[PDB]
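Participant: Using the hints provided, position chain A relative to the given structure of chain B.
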Amino acid sequence: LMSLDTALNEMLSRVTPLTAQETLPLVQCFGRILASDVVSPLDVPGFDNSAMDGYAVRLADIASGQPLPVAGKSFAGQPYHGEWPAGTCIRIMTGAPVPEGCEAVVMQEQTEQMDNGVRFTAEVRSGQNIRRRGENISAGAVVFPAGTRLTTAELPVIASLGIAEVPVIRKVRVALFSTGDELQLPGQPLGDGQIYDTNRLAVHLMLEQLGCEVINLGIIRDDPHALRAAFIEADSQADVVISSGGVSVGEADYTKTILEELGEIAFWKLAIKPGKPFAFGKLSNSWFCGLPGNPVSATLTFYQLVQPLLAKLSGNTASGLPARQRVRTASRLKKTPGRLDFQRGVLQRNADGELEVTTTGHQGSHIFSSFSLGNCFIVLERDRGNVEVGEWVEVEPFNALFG
Amino acid sequence: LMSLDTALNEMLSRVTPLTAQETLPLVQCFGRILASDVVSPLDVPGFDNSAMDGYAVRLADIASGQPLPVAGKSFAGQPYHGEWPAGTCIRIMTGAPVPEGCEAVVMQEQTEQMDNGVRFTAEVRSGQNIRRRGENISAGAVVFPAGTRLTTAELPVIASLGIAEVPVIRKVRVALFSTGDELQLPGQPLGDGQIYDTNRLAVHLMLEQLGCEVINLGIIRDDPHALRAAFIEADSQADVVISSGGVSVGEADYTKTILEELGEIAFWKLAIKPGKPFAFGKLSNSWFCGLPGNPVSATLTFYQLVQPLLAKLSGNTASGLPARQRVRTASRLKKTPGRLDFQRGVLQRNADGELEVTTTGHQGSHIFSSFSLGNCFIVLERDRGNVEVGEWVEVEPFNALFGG
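For the record, the sequence lines run as chains B and A.
Anchor point for the first sequence: position 150 equals 156 in the entry's author numbering, and the numbering is continuous, going up by one each time.
Anchor point for the second sequence: position 77 equals 83 in the entry's author numbering, and the numbering is continuous, going up by one each time.
No lab work stands behind these hints, which were simulated from the structure alone.
We put the CB at the ideal spot given by N, CA and C, even for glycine.
Certain hints may be false.
[To be verified] Simulated DEER-style distance windows between Cβ atoms: (1) A:31 <-> B:31: 24 to 32 Å; (2) B:194 <-> A:9: 54 to 62 Å; (3) B:340 <-> A:91: 35 to 43 Å; (4) A:387 <-> B:395: 28 to 36 Å; (5) B:144 <-> A:334: 29 to 37 Å; (6) A:405 <-> B:91: 48 to 56 Å; (7) B:243 <-> A:122: 50 to 58 Å; (8) A:329 <-> B:89: 50 to 58 Å; (9) A:230 <-> B:43: 37 to 45 Å; (10) B:194 <-> A:238: 43 to 51 Å.
For reference, chain B alone in the conformation it holds in the complex:
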């Protein structure tokens, strides 16, 4: 019934990004979100420097046609500061400051040795092989705006400005638990009718990799007093509280009366598969996301709704649902109109070098193993039906959460 689109727009419209900040050296900032504009205090490069090894010259001396004796050498980190007489040149290495009065740098290839000094054999242009102060970044300019997620692409540039540390938004705090007397912890023996809990570890892992601060409360006892106490504890400690399974996503059980007693909760029926049910709303001090019990459904609902919620709350301004592309299927796909079906597939290059996708197998939410067998979603349109080999299909490669 409710489109994924519409549901996510709704959830994000309710939410306001965190503003609370902390200051961290750059090496600890991978994947963190800049709280304030990074404004450069320096010109970069901060001084006119050689783009290569060769010789620093004045055009008037080149103009002579005469060989120029080498007055001195200039190293990166150890510039020449001796006298530079008229009619001479300076040997210079990549990255060294050009000497006062230098108008060009000639690479070795365009010179010959004379029994005396250096002949320049090619035209020498004003400014050739010189990187000028301020050509990359002007002091005073904003280099990265607030809301920028810091990776290897950004943090080295920040260091080239001489900044050792930056303010970033604190991590989003997410409390996490499951419930049901059928759920058991790994390493313990299974009682009557029990299964091992998997969703909660699947959610924890993903939160960790998303950079959140995870407060896992474990498996809560299927008792109203214990469950209430768990919600209250979760709420007091976190920005977001997630049930990885066991709390109602619509069914009229005791968990639903506790949830509604503690918050203002919507129970939605989404036009997706796998899954459909999702619970979302506001507790006293936190947002609540309630996932369906099936492992495929809970994982997919997490990945497609909760994941982007957390990106917005983190302060990230990257306006991006992950990347999709159009590719032909090498498999016949069973699909029923009425829901957007996030089937799992294997995307691969064929012998012609063209990109195609294969089903991973049975798509039932009775097996989590399609995530490991796969490397992408095949995102089958709400209204589309079965798909034949050769048709074009929307594909969404899995992110680093799945490898």
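Facilitator: Relative to chain B, chain A alone:
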């Protein structure tokens, strides 16, 4: 002169994957390499159970056509063990075990509650809505082989088997350092021809995001005595030693002579762009990789060469290439034959829904912004010249090191 391929193969053929192992709880295993096969001790699911909220019936009772009174209820984790008389049904919840003799589960909405019992309104087919013991995993089977990188796809399947911790290969230990009197620690004042050391941070970040244990020795003082000391420390404590800049990758100087004193090091000139020079070889107890000083070159060189080395060392049995595909350019590309040019580009969907790439801009190595602006490399073949709009082009999307 030297192909990137020939270099990569040379580096990979030399190296032996680590086998040493340590056992960790599942929650601490993200991105770790599974050290032993995971074998299922149990059937998943463990028992025949309901796929719906409803009723568990036998087909003979359905065929009588009579309302069946509710004789009991089976809940998830609270199965029914009482008597199940003839002509009767058992209320059942999703995931609850089916009661003995059960032939079908009927979903609640295909029933009417009748005062003399539950009336079944639809056809009932043998086995409907029953998940069978072992239909996902069988006891005794290997679920993941040794060599699997563990992520969200694998670890929860491991949890489903009742296994709380697994053996993984120890992390690759990478020692790191730079040198040159030009280099200054950020947060300090820049003297005369100085710059802030950026390559070292870039490599530290990438190494940690790759799951390496990093030993950062700093900026090494630019003389032979301090350099020897740095090499001895680095080599004594690591599987791999990396110079992020300042140590020779071919030019004759004191750093070169120390390298040749302490190791068996090759200086390659690679048919690539950006970059070209790369130092590689064996120190007494470790492998060495020496990067060029230019940030664009170092970063590219680490990404295309050191990264695949670390993957093999780690024990990851994944095929190490590629995630490449062929896409049209929507940009004219300037490309000189003779080098494999890893231009940076922007991969985006056009209005027809087709994937296409655009240049980031100037492809010079004098700036670093192409890594921010870009989301891929346009991998232009060694012998190719200029590329016009609409030609086909190979493309390698950025991995998580640049944010995807």
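Participant: Each hint needs a verdict: does it hold in this structure or not?
Facilitator: Evaluated hints:
As the Cβ distance of residue 31 of chain A to residue 31 of chain B is approximately 29 Å, the hint placing it in 24 to 32 Å holds. Range check, residue 194 of chain B to residue 9 of chain A: about 55 Å between beta-carbon atoms, so the 54 to 62 Å window is met. For the hinted restraint 35 to 43 Å between residue 340 of chain B and residue 91 of chain A, the CB-CB distance of approximately 40 Å keeps it satisfied. For the pair residue 387 of chain A and residue 395 of chain B, the supplied restraint of 28 to 36 Å holds, since their beta-carbon distance comes to about 31 Å.
Distance hint check for residue 144 of chain B and residue 334 of chain A: the Cβ-Cβ separation is about 36 Å, which falls inside the suggested range of 29 to 37 Å. Distance hint check for residue 405 of chain A and residue 91 of chain B: the Cβ-Cβ separation is about 53 Å, which falls inside the suggested range of 48 to 56 Å. Here the CB-CB span from residue 243 of chain B to residue 122 of chain A is close to 52 Å, well matched to the stated 50 to 58 Å. As the Cβ distance of residue 329 of chain A to residue 89 of chain B is approximately 57 Å, the hint placing it in 50 to 58 Å holds.
For residue 230 of chain A and residue 43 of chain B, the Cβ-Cβ distance of about 44 Å falls inside the hinted range of 37 to 45 Å, so the restraint holds. Between residue 194 of chain B and residue 238 of chain A the CB atoms are about 49 Å apart, so this pair conforms to the stated range of 43 to 51 Å.
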